Amino acid sequence: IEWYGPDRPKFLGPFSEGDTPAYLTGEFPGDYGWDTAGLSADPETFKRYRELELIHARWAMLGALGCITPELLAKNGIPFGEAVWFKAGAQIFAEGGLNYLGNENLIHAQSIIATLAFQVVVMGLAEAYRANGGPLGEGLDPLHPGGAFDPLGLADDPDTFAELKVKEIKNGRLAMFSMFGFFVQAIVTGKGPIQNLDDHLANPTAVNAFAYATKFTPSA
Amino acid sequence: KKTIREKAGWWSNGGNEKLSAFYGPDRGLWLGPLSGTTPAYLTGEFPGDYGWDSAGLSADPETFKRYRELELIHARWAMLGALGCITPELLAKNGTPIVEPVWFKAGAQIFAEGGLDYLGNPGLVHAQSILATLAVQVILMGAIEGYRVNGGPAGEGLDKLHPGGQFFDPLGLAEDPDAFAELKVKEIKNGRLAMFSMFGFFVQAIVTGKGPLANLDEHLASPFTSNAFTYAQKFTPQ
Amino acid sequence: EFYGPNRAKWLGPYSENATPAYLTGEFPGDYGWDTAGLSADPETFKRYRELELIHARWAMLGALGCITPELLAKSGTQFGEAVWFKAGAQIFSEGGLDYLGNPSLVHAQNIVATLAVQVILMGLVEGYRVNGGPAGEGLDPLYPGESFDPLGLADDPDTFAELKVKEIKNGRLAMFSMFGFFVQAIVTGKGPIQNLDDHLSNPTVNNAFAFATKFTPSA
Ligand code: CHL
Ligand code: CHL
Ligand code: CHL
Ligand code: CLA
Ligand SMILES: CC1=C[C@H](O)CC(C)(C)[C@H]1/C=C/C(C)=C/C=C/C(C)=C/C=C/C=C(C)/C=C/C=C(C)/C=C/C1=C(C)C[C@H](O)CC1(C)C
Ligand SMILES: CC1=C[C@H](O)CC(C)(C)[C@H]1/C=C/C(C)=C/C=C/C(C)=C/C=C/C=C(C)/C=C/C=C(C)/C=C/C1=C(C)C[C@H](O)CC1(C)C
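Residue numbers (the entry's author numbering), protein chains in the order written: chain W, 30 to 249; chain V, 31 to 268; chain U, 39 to 257.
Source of the hints: derived by calculation from the structure; they are not laboratory data. The beta-carbon is built from N, C-alpha and C at its ideal position, and this holds for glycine as well. Take these hints with a grain of salt, some might be off.
DEER-style ranges, computed between Cβ atoms [to be verified]: (1) W:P247 to U:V157: 26 to 32 Å; (2) W:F109 to U:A246: 48 to 54 Å; (3) W:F109 to U:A146: 52 to 58 Å; (4) U:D236 to V:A70: 49 to 55 Å; (5) W:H85 to V:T117: 38 to 44 Å.
Required output: the full structure, derived from the provided sequences and hints.
Encoded structure:
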């Protein structure tokens with residue numbers, strides 16, 4: 030395994046030698062040679078698309094975590110009102126309000142306007158500092174700053190920094206694909222994805238996705 | 031100058047202006063005479079060039095050849111779809127006992143009691159499990175679609191869109207240069223027509239919920255009452 | 039401001055490096071927002087500028103054509119169906135499509151003939167946009183002039199560029215408003231000035247969060 034250069038692990042393996050793009054060399058992390066749609070021909074579109082991919086990846090990682098750890102954590106102990114992720118916004122409208130750990134003494138969140146207003150105000154300057162400038166650094170790598178973001182300092186040697194970049198982008202593409210799976214298997218079942226996992230593990234042959242295949246057929 | 035039998039096109043030997051209307055700058059365009067500025071990269075050397083890149087997505091030539099690949103593959107898939115959507119309904123109106131001949135409900139036939147009878151016959155396919163069907167589909171399609179991009183047992187160094195060797199042109203219609211260049215634009219025009227018609231199949235299945243041949247019969251019976259506008263009130267937001 | 043390298047940008051004070059190098063301030067409303075890089079190629083930039091201004095003018099025309107029957111329902115003429123997402127059903131009524139509630143003014147019956155006359159006029163006037171015609175011939179396809187400006191407000195080029203950036207800013211606000219009309223028609227089911235009447239009745243409950251629950255699957 031190399032993850033760079035011309036002999037890299039590619040998305041079709043043996044079927045990837047004639048498909049492989051001429052604009053897609055072995056430079057950037059995660060380049061499996063997959064631009065069959067042709068959307069990275071000029072390098073600044075590829076730069077904005079790599080930035081888009083890494084930001085969507087790093088958001089979908091924490092999105093999958095905030096998806097399954099309420100449901101798993103409610104399965105272990107610590108019961109909630111609406112433990113599933115895609116009813117989790119409805120806990121503001123509850124008579125007891127959204128709570129972080131469910132207990133009544135933490136936050137007492139009854140307002141949706143205050144939370145949304147505060148997070149918009151703080152993330153305006155946060156994502157603006159992400160775009161350019163900021164007190165933690167201005168002219169760094171805009172996708173991989175480091176410095177005031179690395180208390181442990183795992184970007185010391187360029188070899189382990191490069192392999193951390195490729196496992197970052199691979200875990201993030203897995204998280205984006207699985208978050209797409211969370212999105213679609215929420216709406217075809219109406220039930221939680223960990224509860225979908227136990228439903229699949231109870232009956233693998235007939236409680237799979239194909240039981241919900243006749244659901245979306247149009248009426249009349 | 032020109033006599034009557036040449037204007038009808040009796041003699042297929044002296045036809046050299048046949049590709050002049052589909053290739054080169056003096057070809058037909060998308061808005062006809064109401065399309066003056068053809069995009070300067072769509073020079074007409076490719077089949078299906080009606081000068082239409084209004085959204086400008088195909089200015090770069092690499093993106094343009096990838097979009098040409100996607101267009102021809104989607105064209106052939108939609109051609110096979112629009113032939114394979116109506117023909118169960120055509121054979122059900124024939125009298126062959128297909129039990130759910132509409133295409134948008136044919137996938138649920140494998141969840142029946144007797145499985146998936148192919149032409150309504152247990153002597154045919156009679157597939158029960160959707161799981162082994164999708165498994166052999168993903169194995170066979172992985173092999174075929176991986177052979178497609180970089181060659182394989184049916185041609186290795188051939189063209190990625192038009193191989194035409196001993197396996198993909200076995201009848202040999204594309205031996206001639208001009209006949210191949212004419213049937214290329216014939217192929218992509220039939221494929222764009224079938225892509226438009228498959229989009230029509232999708233929207234017609236969504237908003238009506240009946241068969242496309244049932245939609246054709248309900249438009250042939252009442253054209254002015256049973257148009258697309260009598261189902262325009264079906265997505266009103268209450 | 040509004041042109042050149044020292045113009046108004048989309049992040050404002052935090053917009054000195056995120057703006058792309060190919061978005062130089064010569065075209066109207068160049069706030070430097072190409073965060074997906076889709077207009078990096080100049081032909082993509084020109085075609086997307088054409089799509090943006092045409093979508094802009096169609097959106098502002100659609101915004102006024104959607105809200106003015108609502109303001110006239112406030113004013114007092116009832117209408118065949120004031121609600122813009124139920125406005126197409128006037129031609130399906132028994133009395134037909136009366137324009138201002140007047141049965142002797144339009145009284146349209148056939149929706150198929152309305153679509154036929156509509157496509158026969160609109161295909162011609164949309165194909166005339168590309169390569170001139172009776173109005174113009176070979177002008178700027180985004181800013182023709184000389185037949186669609188009977189008053190002719192494009193005299194001074196500084197005021198012409200000012201009106202250009204004013205047009206494209208009103209147009210981005212208009213597509214914003216039409217997207218809002220689209221996604222608050224489907225979640226509420228009431229007209230947009232009627233949603234304004236709800237939000238002015240009680241401002242803290244008649245929000246989008248009153249209807250933020252209705253799109254859960256729930257088996
Ligand atoms: C040699 C065999 C081989 C095959 C068959 C594949 C298969 C694939 N790999 Mg690959 N790989 C292979 C070798 C290898 N891969 C990888 C590592 C990777 C990675 C990291 C990735 C891939 C990805 C892909 C996909 C890219 C093409 C595509 O998008 O399909 C398009 C066609 C389909 C997806 C059809 C299959 C689905 C199904 C049959 C149809 C569904 C029908 C629905 C019912 C219709 C929907 C209903 C409507 C109403 C919405 C494809 C599925 C990419 C991927 O996972 O994308 C999802 C990807 O990110 N591979 C390695 C390690 C180096 C390989 C080693 O040899
Ligand atoms: C000179 C007159 C002339 C006109 C007006 C057109 C018109 C058109 N041709 Mg062209 N052609 C013309 C001459 C010629 N064409 C062709 C050969 C072709 C081909 C091969 C193709 C075209 C296509 C097109 C379309 C390209 C633009 C588009 O996609 O519009 C799209 C927008 C509209 C059509 C308007 C929207 C429809 C409706 C009126 C409004 C919406 C109504 C709904 C009720 C809205 C409700 C929906 C809600 C829910 C959202 C356009 C309709 C392409 C096509 O068919 O694309 C569809 C195409 O592939 N033409 C030749 C032979 C050389 C011509 C010779 O003179
Ligand atoms: C200094 C602070 C400052 C910041 C941080 C921004 C940044 C912004 N400006 Mg701005 N500007 C700022 C000052 C100025 N601007 C401008 C001129 C402009 C213009 C002309 C424009 C902007 C626009 C924008 C927006 C572009 C990014 C975006 O689309 O949001 C992306 C992030 C989100 C959408 C997150 C939304 C928040 C919330 C989480 C949503 C809730 C999520 C849902 C619940 C989930 C959905 C559920 C399911 C069902 C799908 C953003 C708010 C553009 C705009 O308005 O686009 C909309 C625009 O056209 N600015 C000027 C004049 C010089 C400024 C003065 O200083
Ligand atoms: C990689 C993350 C991941 C994981 C762990 C799961 C796991 C699961 N999904 Mg989710 N899903 C995913 C990704 C994932 N899916 C993605 C990317 C999509 C979008 C296409 C979906 C869409 C989806 C729907 C719509 C549904 C599920 C369901 C399920 C459950 C039953 C399995 C099933 O029906 O197959 C569905 C699997 C897919 C559609 C594709 C997933 C990709 C896999 C990893 C590749 C196939 C490998 C497989 C082991 C070999 C199959 C052999 C043969 C059948 C072809 C199971 C818990 C069902 C459920 O809730 O059960 C109760 C259900 O209704 N999933
Ligand atoms: C590569 C290629 C190649 C060639 O070119 C072709 C093509 C095809 C074009 C391409 C492809 C592409 C793709 C695949 C894409 C996809 C994407 C995705 C899916 C994403 C997701 C993505 C996803 C995502 C982000 C998600 C996210 C999420 C988040 C943040 C959040 C979450 C959450 C949480 C925490 C919790 C709570 O309670 C809820 C919520 C709120 C919900
Ligand atoms: C040109 C241009 C130009 C400018 O400038 C810009 C723009 C506008 C962007 C552009 C345009 C574009 C377009 C139009 C697109 C469209 C497409 C389509 C429609 C496709 C289809 C597509 C379609 C398709 C694929 C289809 C396919 C089909 C198939 C597979 C099959 C199916 C089937 C069958 C047999 C039946 C059974 O039972 C089942 C199934 C399975 C269901």
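Structure-based check of all given hints:
The supplied range of 26 to 32 Å is met by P247 (chain W) and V157 (chain U), whose beta-carbon atoms lie about 27 Å from each other. Our hint of 48 to 54 Å for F109 (chain W) and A246 (chain U) is violated, since their Cβ atoms are close to 25 Å apart. Checked against the hint of 52 to 58 Å, the pair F109 (chain W) and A146 (chain U) passes, with Cβ atoms roughly 56 Å apart. Between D236 (chain U) and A70 (chain V) the beta carbons are some 52 Å apart, a value that agrees with the proposed interval 49 to 55 Å.
Restraint check, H85 (chain W) to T117 (chain V): a C-beta distance of roughly 42 Å satisfies the suggested window 38 to 44 Å.
Violated hints amount to a single one, hint 2; each of the other numbered hints is respected by the structure.
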